[PDB]
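**Student:** Here is what each chain is made of, one letter per residue.
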Amino acid sequence: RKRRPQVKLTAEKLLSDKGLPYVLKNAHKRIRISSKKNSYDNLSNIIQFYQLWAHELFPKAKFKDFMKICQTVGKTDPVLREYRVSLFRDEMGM
Amino acid sequence: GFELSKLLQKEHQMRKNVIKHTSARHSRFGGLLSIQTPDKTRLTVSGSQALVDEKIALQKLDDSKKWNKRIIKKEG
Amino acid sequence: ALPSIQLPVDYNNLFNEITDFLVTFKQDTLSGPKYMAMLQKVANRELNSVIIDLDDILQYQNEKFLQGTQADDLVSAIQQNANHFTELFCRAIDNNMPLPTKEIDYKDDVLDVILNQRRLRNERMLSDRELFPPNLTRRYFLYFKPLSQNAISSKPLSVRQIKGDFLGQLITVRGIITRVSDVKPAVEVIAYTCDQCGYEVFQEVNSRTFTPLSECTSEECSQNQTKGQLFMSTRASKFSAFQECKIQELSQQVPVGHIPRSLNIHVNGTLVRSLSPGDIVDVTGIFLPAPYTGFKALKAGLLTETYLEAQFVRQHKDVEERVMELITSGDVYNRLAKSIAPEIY
DNA sequence: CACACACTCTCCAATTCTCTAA
DNA sequence: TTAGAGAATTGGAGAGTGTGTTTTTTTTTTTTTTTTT
Ligand SMILES: [Zn+2]
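Sequence lines, in order, name chains Y, X and 7. Numbering (the deposited numbering) for the first sequence: 46 to 139. Numbering (the deposited numbering) for the second sequence: 332 to 405, 412 to 413. Numbering (the deposited numbering) for the third sequence: 4 to 34, 60 to 157, 190 to 210, 219 to 385, 396 to 423.
There may be inaccurate statements among the hints.
To be verified - In silico DMTMM-like pairs for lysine to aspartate or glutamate, Cα to Cα no more than 25 Å straight-line:
hint : chain 1 : residue 1 : chain 2 : residue 2
1    : X       : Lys397    : 7       : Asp409
2    : Y       : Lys107    : X       : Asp370
3    : X       : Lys391    : Y       : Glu101
4    : Y       : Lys58     : 7       : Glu287
5    : Y       : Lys53     : X       : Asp384
Since the hints were derived computationally from the structure, they do not count as laboratory data.
Could you put together the complete structure from these sequences and hints?
**Tutor:** This is the structure in structure tokens:
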């Protein structure tokens with residue numbers, strides 16, 4: 046009957062288990078900065094982790110595109126706001 | 332002529348960077364890379380340049396994506 | 004359009020007779061089971077083709093009739109329609125093939141890696157807090205060897229005796245091999261890699277031509293609505309050696325005032341390069357139509373061209399001591415000369 | 001004939017624009 | 001001033017229409033001109 050609805054980023058995907066919680070678990074281990082490298086290699090070490098994780102969550106879209114989409118969703122969704130403030134409230138509590 | 336020369340040295344430096352990104356053998360030579368990733372799983376990318384340069388491999392893996400987000404753009 | 008009919012055949016019976024034959028049968032009358065021992069050579073990679081002697085299946089049916097259990101006339105099925113039984117015997121073999129007993133050096137092969145990564149990806153996906193076409197993994201070629209005289221596969225035919233009524237049957241053909249192709253790879257299973265989803269998909273080919281896939285259909289590509297691109301990889305494809313030959317009837321067989329007619333023989337797999345031009349040979353094979361495909365199929369009409377799939381080949385035609403057996407008779411020069419063309423006096 | 005490619009037509013929903021009240 | 005509800009425009013799915021495709025090509029006879037027979 047219909048055309049298939051478009052797959053699109055939303056908190057029900059972006060908040061889900063391999064998702065922001067996967068970043069909070071793995072990134073502090075996998076992303077390493079030093080003045081012993083040039084700035085361009087440090088930037089590449091940051092960007093690798095997020096590029097592979099963005100490919101795992103939403104393989105449809107390029108990395109710059111995924112960033113523009115995350116900006117619009119974090120600006121609009123109240124549940125995503127509630128999750129982010131909840132993370133900061135934990136660090137303030139400690 | 333000095334002004335032309337300086338500009339040709341800048342275009343030469345750009346083409347040197349393009350040559351450093353280009354195939355050292357022909358278009359059909361066909362070498363194929365698999366990238367292991369966390370969750371112990373594979374992607375695949377073509378071309379001899381991607382085998383040696385991890386950064387080029389990931390750039391090529393993004394370049395091939397067939398989606399684009401629609402852009403938005405703008412009297413006598 | 005598509006009616007249906009009651010044929011006196013049941014491939015569920017005959018599949019059970021075939022698997023019951025393969026596991027049971029031993030030619031112990033030559034004094060473990062013959063085809064099991066053969067399949068061990070296949071599983072150890074010491075062997076690359078399985079020859080099924082139709083003359084054995086008689087001894088199977090004879091033993092079963094002597095035990096009073098009516099085996100379902102299997103030779104009269106596989107002479108009468110041999111083509112379909114190449115599929116049934118491969119299914120019956122794969123269901124019964126023993127695990128290897130010699131080391132293979134497994135990781136030297138590509139498909140052992142590809143299919144393992146495909147296995148593990150399915151487990152790590154399906155944790156979630190056929191698998192692929194079996195022809196891809198058949199490392200062996202099946203062939204039938206016909207009845208010796210002891219029945220239509222026994223009687224060798226001249227090329228003109230092969231009427232259209234023989235299509236699908238196992239036949240034996242007598243003639244000269246008049247010309248032979250160089251050996252080329254035919255595809256059987258084409259492996260593609262999706263660029264974006266990193267997932268392997270297989271097309272199986274059963275015609276003179278095929279159409280490539282191009283657009284990904286892996287679960288994880290279509291579920292993510294990602295328009296993945298498929299690229300063909302010859303490294304993971306399965307090919308078979310293909311060689312086309314032409315056979316002509318012998319001068320003795322041609323009736324008075326006619327011209328020597330010919331057939332195309334297709335030889336596939338390990339049986340390749342067993343034929344050479346100017347051989348007089350009996351080729352036994354499965355007689356078939358080669359259906360035109362695409363636009364030519366429409367305009368050619370019902371007039372099917374035809375070929376023979378080779379199955380087995382019969383050519384029509396001590397050293398270090400025998401030179402002493404000459405020398406020790408003596409006068410070798412004059413006797414060797416007198417032995418050049420002895421019919422000329 | 002029929003089955004792929006080339007190319008146009010049409011509808012539907014997805015995204016962004018614009019206005020209102022919290 | 002932020003943020004959320006309602007209005008308009010664009011993308012592309014997918015349905016629909018239309019077109020081209022087999023394909024060969026040496027062989028064998030008959031002739032007319034050059035030259036090597
Ligand atoms: Zn894919």
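**Student:** Run every hint past the structure and note whether it holds.
**Tutor:** Structure-based check of all given hints:
In summary, the hint linking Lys397 (chain X) to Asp409 (chain 7) is not supported, as the alpha carbons are separated by about 89 Å, beyond the 25 Å threshold. Distance hint between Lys107 (chain Y) and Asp370 (chain X) is fulfilled; the C-alpha atoms sit about 21 Å from each other, no more than 25 Å. Only pairs whose Cα atoms come within 25 Å are accepted, and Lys391 (chain X) paired with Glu101 (chain Y) is accepted, the gap being roughly 16 Å. With a C-alpha separation of about 18 Å, the suggested pairing of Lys58 (chain Y) with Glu287 (chain 7) holds against the 25 Å cut-off.
Between the alpha carbons of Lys53 (chain Y) and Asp384 (chain X) the distance comes to roughly 32 Å, so the proposed pair goes past 25 Å and is violated.
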